[PDB]
Amino acid sequence: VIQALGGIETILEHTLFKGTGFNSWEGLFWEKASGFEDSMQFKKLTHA
Amino acid sequence: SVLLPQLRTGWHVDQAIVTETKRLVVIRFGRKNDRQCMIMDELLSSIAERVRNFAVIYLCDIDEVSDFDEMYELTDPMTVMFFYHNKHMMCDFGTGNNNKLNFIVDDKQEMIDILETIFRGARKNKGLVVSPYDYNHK
Amino acid sequence: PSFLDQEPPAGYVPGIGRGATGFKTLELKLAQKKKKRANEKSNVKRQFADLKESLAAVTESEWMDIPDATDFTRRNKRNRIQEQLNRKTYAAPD
Amino acid sequence: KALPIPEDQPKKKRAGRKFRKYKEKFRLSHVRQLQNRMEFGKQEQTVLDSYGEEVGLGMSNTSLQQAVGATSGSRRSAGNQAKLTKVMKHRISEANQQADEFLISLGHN
Amino acid sequence: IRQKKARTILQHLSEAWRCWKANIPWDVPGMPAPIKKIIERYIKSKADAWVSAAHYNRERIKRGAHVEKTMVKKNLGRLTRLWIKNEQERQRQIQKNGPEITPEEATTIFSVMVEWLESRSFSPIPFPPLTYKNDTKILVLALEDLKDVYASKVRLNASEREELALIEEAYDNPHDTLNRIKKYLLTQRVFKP
RNA sequence: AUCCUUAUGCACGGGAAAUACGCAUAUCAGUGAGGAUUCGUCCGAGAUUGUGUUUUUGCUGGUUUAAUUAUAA
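Protein chains in written order, with this note's numbering: chain A, 1 to 48; chain B, 1 to 138; chain C, 1 to 94; chain D, 1 to 109; chain E, 1 to 193.
Please keep in mind that the hints were generated in silico from the structure rather than gathered at the bench. Heads up, a few of these hints could be off.
With a straight-line cut-off of 25 Å between C-alpha atoms, the simulated SDA-like cross-links for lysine to any residue are [as the list claims (entries may be wrong)]:
#1 E:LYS21 to C:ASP71
#2 D:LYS89 to E:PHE191
#3 E:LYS37 to E:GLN3
#4 D:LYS12 to A:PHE42
#5 E:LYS153 to D:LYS12
#6 C:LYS77 to E:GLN11
#7 E:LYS4 to B:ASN53
#8 E:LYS21 to E:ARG60
#9 E:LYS133 to E:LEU146
#10 E:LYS46 to C:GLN47
#11 C:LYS77 to D:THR85
#12 E:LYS73 to E:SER14
#13 E:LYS74 to E:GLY64
#14 E:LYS192 to E:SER152
#15 B:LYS32 to B:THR21
#16 E:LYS74 to E:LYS96
#17 C:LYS88 to D:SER72
#18 D:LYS25 to E:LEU166
#19 E:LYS74 to C:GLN47
#20 E:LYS96 to E:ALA22
#21 E:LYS153 to E:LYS133
#22 D:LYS89 to E:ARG189
#23 E:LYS74 to D:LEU3
#24 D:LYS25 to D:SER72
#25 E:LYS182 to D:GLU101
#26 A:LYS44 to E:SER152
#27 E:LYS73 to B:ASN53
#28 E:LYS21 to E:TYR42
#29 E:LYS4 to B:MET38
#30 D:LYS21 to D:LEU3
#31 E:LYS44 to E:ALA22
#32 A:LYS32 to D:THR85
#33 E:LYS4 to E:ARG18
#34 C:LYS88 to D:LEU3
My request is simple: use the sequences and hints to build the entire structure.
Encoded structure:
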């Protein structure tokens, strides 16, 4: 799928990722949201 | 219904809206022979006590007192409106009319998340509350 | 809700009352075309009519003297046990 | 019973020693974070659930341990290790002894 | 007198409707007979409406004519309620009218097996000896299979962490837990709902 | 005179839990609360009901420059 989309760069051109202006992406990690979300669930929260 | 108190006068109206200090004000404008103005009357009938801390519910028939019709632009059988410290609370539902309310909410839990969410917003003074739920297609 | 008990009016129009903010002849023949227009032109209740009638014999003492209600399903107990037991969660050990 | 009031409160922050050990339960571990971090540009490690569905454990192994499939020993928190409720505890132990005397009645006979 | 009593009257409309949701026969003294009759007839009406409505929605959900949403949700409840009701019925009448086998039939059946096994030369299963080489080499298997609901989960709810506790203890002090088993087999005939 | 025992109280050191604990003019409850089984028996003190808190109780912790005033004219 990646290659058939024209290789990574041609994707990232679809992103903001140049905005963060890392030169190359090769050192980076994402942050799963599920972590943040859960880490906010152990608190005490109204259904809303 | 019996739980829900009602309004007989524009005087009742604006006194109420003024005279509830610390909590939201909820008012149904609808005509007893409407369908929804029964249904929604039920939905709110079941939430009355459970919210009574931070809000309060009142029923008003347009046919009783039609005064506000001109000024608040009342069409539809049933429009709920929310007032907190005399200000018209505005929570965009994505429905396309941010002011007031129209349609029927089919879940208690939802409805509570609304009355609450708006409330919490109105305690900060933000004019816009952003609904939890975009029901727009209605 | 004392002003539901009071319920006076005053001389005032509601709008300024709060300081509110918004955020025969032609009609005659019109009526002619109205009544003209329509000129060309429950079961439930019926059921219960017998019983609501047969209550005719019910003394107002029994109306006064009647139980009010109960809970047979124990809605409270089990309910509060649920909304108890779920109160918290935890983290799944490593 | 009426829902209390939506309004948030200023956080009381009291962190003892005791109170901390009582926290370590509810707050994500370290490892449990080294899951969450999804290495950019490169497919996760995932494993197969009971259901075979893949649970991504993203960074939970430093990339040196992916090449060797070294899994992890790293740190295992004994703080959040799950433990019985009070009641259940005595039903357990109780039943255990009871069954054990029944047994020993098969021990001597 | 009315209004005050009117409200409560509404209640027994509810507690009626629930107590039919529960099958409970719902008897109160001091409830004047005619009213109680009324309630009955009412519940019959709302009942039939509710049931027919549930099945009505259902098949639609199978076809997919737009069901809104809360119908998809509540439907499962307002339905399963029934399937329980049907079950409770079938078993009432399997008390009253007694088992449906009749012994004659049973004789053929049981015979069939017995002949089969003899023909098959088959020894029954021994109750596990208190020393059984596979005991450990078994428990682990069974214990893991109560484990793996969880192996994804980040957040154990309450009832869970209770289980996962047990699974770990028995998974720790086996000889004790085995003894607990063997007793349970040899005696326990009563169980929690 | 010395020691042990028992219970209770004040303590000191140390650990453990904070789905635990309360509270109640409630209601009952050795004049049986509740349970068990090998069906012969055995066990023998709280249960119910309502209610409140329960990621907590009190406290304490670290990051988003004063006024006064002096010349020879």
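Hints, verified against the model:
{"no.": "1", "hint": "E:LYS21 to C:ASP71", "in the structure": "13 Å, holds"}
{"no.": "2", "hint": "D:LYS89 to E:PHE191", "in the structure": "18 Å, holds"}
{"no.": "3", "hint": "E:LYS37 to E:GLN3", "in the structure": "21 Å, holds"}
{"no.": "4", "hint": "D:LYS12 to A:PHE42", "in the structure": "16 Å, holds"}
{"no.": "5", "hint": "E:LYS153 to D:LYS12", "in the structure": "30 Å, violated"}
{"no.": "6", "hint": "C:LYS77 to E:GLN11", "in the structure": "19 Å, holds"}
{"no.": "7", "hint": "E:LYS4 to B:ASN53", "in the structure": "24 Å, holds"}
{"no.": "8", "hint": "E:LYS21 to E:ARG60", "in the structure": "23 Å, holds"}
{"no.": "9", "hint": "E:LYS133 to E:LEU146", "in the structure": "22 Å, holds"}
{"no.": "10", "hint": "E:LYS46 to C:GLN47", "in the structure": "14 Å, holds"}
{"no.": "11", "hint": "C:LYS77 to D:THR85", "in the structure": "20 Å, holds"}
{"no.": "12", "hint": "E:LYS73 to E:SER14", "in the structure": "22 Å, holds"}
{"no.": "13", "hint": "E:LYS74 to E:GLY64", "in the structure": "16 Å, holds"}
{"no.": "14", "hint": "E:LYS192 to E:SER152", "in the structure": "28 Å, violated"}
{"no.": "15", "hint": "B:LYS32 to B:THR21", "in the structure": "29 Å, violated"}
{"no.": "16", "hint": "E:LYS74 to E:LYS96", "in the structure": "34 Å, violated"}
{"no.": "17", "hint": "C:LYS88 to D:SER72", "in the structure": "29 Å, violated"}
{"no.": "18", "hint": "D:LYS25 to E:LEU166", "in the structure": "18 Å, holds"}
{"no.": "19", "hint": "E:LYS74 to C:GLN47", "in the structure": "30 Å, violated"}
{"no.": "20", "hint": "E:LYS96 to E:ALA22", "in the structure": "21 Å, holds"}
{"no.": "21", "hint": "E:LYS153 to E:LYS133", "in the structure": "34 Å, violated"}
{"no.": "22", "hint": "D:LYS89 to E:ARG189", "in the structure": "22 Å, holds"}
{"no.": "23", "hint": "E:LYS74 to D:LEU3", "in the structure": "24 Å, holds"}
{"no.": "24", "hint": "D:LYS25 to D:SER72", "in the structure": "21 Å, holds"}
{"no.": "25", "hint": "E:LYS182 to D:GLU101", "in the structure": "12 Å, holds"}
{"no.": "26", "hint": "A:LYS44 to E:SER152", "in the structure": "23 Å, holds"}
{"no.": "27", "hint": "E:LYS73 to B:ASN53", "in the structure": "29 Å, violated"}
{"no.": "28", "hint": "E:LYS21 to E:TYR42", "in the structure": "14 Å, holds"}
{"no.": "29", "hint": "E:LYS4 to B:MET38", "in the structure": "22 Å, holds"}
{"no.": "30", "hint": "D:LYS21 to D:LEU3", "in the structure": "31 Å, violated"}
{"no.": "31", "hint": "E:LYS44 to E:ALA22", "in the structure": "14 Å, holds"}
{"no.": "32", "hint": "A:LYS32 to D:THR85", "in the structure": "33 Å, violated"}
{"no.": "33", "hint": "E:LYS4 to E:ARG18", "in the structure": "22 Å, holds"}
{"no.": "34", "hint": "C:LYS88 to D:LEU3", "in the structure": "17 Å, holds"}
Against the hints set out earlier in the document, violations occur for numbers 5, 14, 15, 16, 17, 19, 21, 27, 30 and 32.
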